[PDB]
Amino acid sequence: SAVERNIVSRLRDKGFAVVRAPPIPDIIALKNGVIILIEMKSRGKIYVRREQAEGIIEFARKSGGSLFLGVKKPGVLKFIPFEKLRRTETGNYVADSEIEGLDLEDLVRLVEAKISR
Amino acid sequence: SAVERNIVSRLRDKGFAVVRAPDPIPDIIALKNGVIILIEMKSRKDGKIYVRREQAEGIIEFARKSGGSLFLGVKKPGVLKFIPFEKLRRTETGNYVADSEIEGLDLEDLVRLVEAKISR
Amino acid sequence: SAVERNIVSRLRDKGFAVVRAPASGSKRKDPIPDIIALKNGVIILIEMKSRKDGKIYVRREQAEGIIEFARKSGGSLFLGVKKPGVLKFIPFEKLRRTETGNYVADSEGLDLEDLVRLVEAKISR
Amino acid sequence: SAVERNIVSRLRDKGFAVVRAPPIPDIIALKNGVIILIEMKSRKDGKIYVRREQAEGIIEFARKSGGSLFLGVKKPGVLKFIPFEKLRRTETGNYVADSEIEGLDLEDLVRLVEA
Numbered sequence: 009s010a011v012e013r014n015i016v017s018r019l020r021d022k023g024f025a026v027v028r029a030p039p040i041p042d043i044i045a046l047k048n049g050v051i052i053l054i055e056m057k058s059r064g065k066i067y068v069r070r071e072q073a074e075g076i077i078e079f080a081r082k083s084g085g086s087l088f089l090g091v092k093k094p095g096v097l098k099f100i101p102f103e104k105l106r107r108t109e110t111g112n113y114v115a116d117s118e119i120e121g122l123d124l125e126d127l128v129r130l131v132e133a134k135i136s137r
Numbered sequence: 009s010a011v012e013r014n015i016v017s018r019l020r021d022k023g024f025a026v027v028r029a030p038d039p040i041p042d043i044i045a046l047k048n049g050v051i052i053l054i055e056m057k058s059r060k061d064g065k066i067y068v069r070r071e072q073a074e075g076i077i078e079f080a081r082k083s084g085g086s087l088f089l090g091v092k093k094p095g096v097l098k099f100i101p102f103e104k105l106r107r108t109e110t111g112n113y114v115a116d117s118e119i120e121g122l123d124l125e126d127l128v129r130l131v132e133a134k135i136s137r
Numbered sequence: 009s010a011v012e013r014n015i016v017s018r019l020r021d022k023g024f025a026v027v028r029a030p031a032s033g034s035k036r037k038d039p040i041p042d043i044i045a046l047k048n049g050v051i052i053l054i055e056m057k058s059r060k061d064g065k066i067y068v069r070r071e072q073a074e075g076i077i078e079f080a081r082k083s084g085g086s087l088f089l090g091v092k093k094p095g096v097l098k099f100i101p102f103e104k105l106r107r108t109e110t111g112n113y114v115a116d117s120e121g122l123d124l125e126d127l128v129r130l131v132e133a134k135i136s137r
Numbered sequence: 009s010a011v012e013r014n015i016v017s018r019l020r021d022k023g024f025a026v027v028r029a030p039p040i041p042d043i044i045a046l047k048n049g050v051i052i053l054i055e056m057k058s059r060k061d064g065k066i067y068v069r070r071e072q073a074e075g076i077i078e079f080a081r082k083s084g085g086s087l088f089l090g091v092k093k094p095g096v097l098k099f100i101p102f103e104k105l106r107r108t109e110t111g112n113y114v115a116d117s118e119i120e121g122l123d124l125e126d127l128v129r130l131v132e133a
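Protein chains in written order, with the UniProt record's numbering: chain B, 9 to 30, 39 to 59, 64 to 137; chain S, 9 to 30, 38 to 61, 64 to 137; chain A, 9 to 61, 64 to 117, 120 to 137; chain R, 9 to 30, 39 to 61, 64 to 133.
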């Protein structure tokens, strides 16, 4: 709620049209035709259950947006591109919380440079 | 609300990723293959569509920042109608108006408009 | 060439396996990016181009071939500005397609550090 | 050279971005973020010899790039690729492998890539 509110406020300061989810990604941020989808996670490994993962992947696929995991850790705000997660044998999604990711400033720099995965 | 629910469900049937606003946020945000559609629910009073300045400014700003296409979703039973925001006239005071025969797009025509944009 | 050499040397200093495109290639058809830099599964592709009377022009057949190499490889394509001073890299997606299919860079891009950090932060692991 | 040209053409038919290069592998082939590296080498009585100098440089390129290293057998007919790990290192540090070590065909090289 507080981390999520801070992310929404900081994306808005950078010129994004932002909405929170009321299957649906937690944050949807839009700028100059660029769609960013954020799923908030609290972890010391990142785990996304099959049903949640499938729904957000489907929303990402349909929207044509870029999906990221928002990994909130005390003193850390890292966005992990969904494609970096490993699909387990039963369809869950995993990655180490120390995997290379983006901080907020780099994510915004990524949107402006017109770069998506 | 029932019209809004029906619009969300019908856009979902057409392959759109749809979210309802939880306000300077459009009521419906529909996304398909990189295309952004924004729908503000507005009822037709005395055959007129009348969007007050404050509401219009907030939704026009969300549309500008996002790079999305803005429409007014007609809050009516029956056949779904979507009015492109650009067909409305900005008044002297900054309000936005649509008369009686400013006919809106039906759902199929809106989807065909998105498809043409998707393929661009 | 000095700018190209400066880019190759700095990418090598950052731990990249770097290769130049052969003079025995880029034959209008099947063009190969000028610089291919690889680091533990991360592919960076740079096409060198000079600033002429303000803009940067990439001919249709050259642009199409480098876009296709980038798409097939899964690499990130950039235009390396052939100018003195600050190494500037323009993401290929920022270029606009003209009426005839040529590509133009108007007026600002990434410096070397930003390119590297952003691309590695995006696809590494 | 004809074998090298044929390898480049077949990889291109399979959707790879290929550079027939100018300590750099002869062929660098890229597909969906996957790096394949091919060093062209002749057979001598069913054996492929790689001088410690050349071997070290191509191993270093493969380590830095994160790519998979193979020896492309210079022979007519069916394309054969020997994974560099199949190279038995010698007393002097030189790398040796048998030309019939059951080296991969082109499809098996493409499959390792689609994984």
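Since the hints were derived computationally from the structure, they do not count as laboratory data.
Among these hints, one or two may not hold up.
As the list claims (entries may be wrong) - 30 Å max Cα-Cα, derived DSSO-like pairs, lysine-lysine:
(1) A:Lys60 with B:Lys134
(2) R:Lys47 with B:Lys82
(3) S:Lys134 with B:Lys22
(4) R:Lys65 with A:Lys35
(5) B:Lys47 with A:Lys35
(6) B:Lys82 with R:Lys22
(7) S:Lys134 with B:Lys82
(8) B:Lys92 with S:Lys82
(9) S:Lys92 with B:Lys22
(10) R:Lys60 with A:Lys82
(11) B:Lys104 with R:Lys93
(12) S:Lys92 with B:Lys82
(13) A:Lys37 with B:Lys47
(14) B:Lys22 with A:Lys37
(15) R:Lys47 with A:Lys57
(16) A:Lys82 with B:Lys104
(17) A:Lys57 with B:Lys82
(18) A:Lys65 with S:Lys82
Claimed, not checked - What the simulated footprint calls covered on chain A by chain B, stretch by stretch (three residues with Cβ under 8 Å from a Cβ of chain B suffice, anywhere in the stretch; the number is not a length):
(19) 30–36
(20) 42–50
Ideal Cβ positions, reconstructed from N, Cα and C, are used throughout, including at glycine.
Hint by hint, here is what the structure shows:
This hinted pair checks out: A:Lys60 and B:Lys134 have alpha carbons roughly 24 Å apart, not beyond 30 Å. Proximity of R:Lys47 to B:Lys82 is assessed by CA-CA distance (about 25 Å); at most 30 Å being required, the pair is judged to hold. Of the pairs offered as hints, the one joining S:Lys134 and B:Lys22 holds, with about 26 Å between alpha carbons and a cut-off of 30 Å not exceeded. With a CA separation close to 37 Å, the supplied pair R:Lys65 and A:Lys35 exceeds the 30 Å bound.
For the hint linking B:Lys47 to A:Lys35, the alpha-carbon distance of about 38 Å lies beyond 30 Å, and the restraint is violated. At roughly 28 Å between alpha-carbon atoms, B:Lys82 and R:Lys22 fall within 30 Å of each other, so this suggested pair holds. Distance check on the hinted pair: S:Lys134 and B:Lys82 sit about 15 Å apart at the alpha-carbon level, within 30 Å; holds. Between B:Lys92 and S:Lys82, the direct Cα distance comes to roughly 26 Å. Compliance with the 30 Å bound is thereby established for this hinted pair.
Straight-line distance between C-alpha atoms of S:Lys92 and B:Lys22 comes to about 33 Å, which puts the hinted pair past the 30 Å bound. With a C-alpha separation of about 36 Å, the suggested pair R:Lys60 and A:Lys82 falls outside the 30 Å cut-off, and the hint is violated. Taking the CA atoms of B:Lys104 and R:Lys93, the gap is about 40 Å. The hint is violated against a cut of 30 Å. With a C-alpha separation of about 26 Å, the suggested pairing of S:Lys92 with B:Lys82 holds against the 30 Å cut-off.
Our distance criterion of 30 Å between C-alpha atoms is broken by A:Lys37 and B:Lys47, whose separation comes to about 36 Å. Proposed proximity of B:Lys22 and A:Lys37 is contradicted: the alpha carbons are some 41 Å apart, above 30 Å. With a C-alpha separation of about 25 Å, the suggested pair R:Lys47 and A:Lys57 falls inside the 30 Å cut-off, and the hint holds. For the suggested pair A:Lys82 and B:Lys104, the alpha carbons sit about 19 Å apart, so the restraint of at most 30 Å is met.
Annotation: proposed proximity of A:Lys57 to B:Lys82 is violated, straight-line Cα distance about 37 Å (limit 30 Å). For a cut-off of 30 Å, the pair hint linking A:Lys65 to S:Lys82 stands: about 27 Å separates their Cα positions. Given as covered by chain B, the stretch 30–36 of chain A fails the check, having 0 residues with a CB less than 8 Å from a CB of that chain where 3 are the minimum. Against chain B, the stretch 42–50 of chain A contributes 0 residues with a C-beta closer than 8 Å to a partner C-beta. That does not satisfy the three-residue criterion, and the hint is violated.
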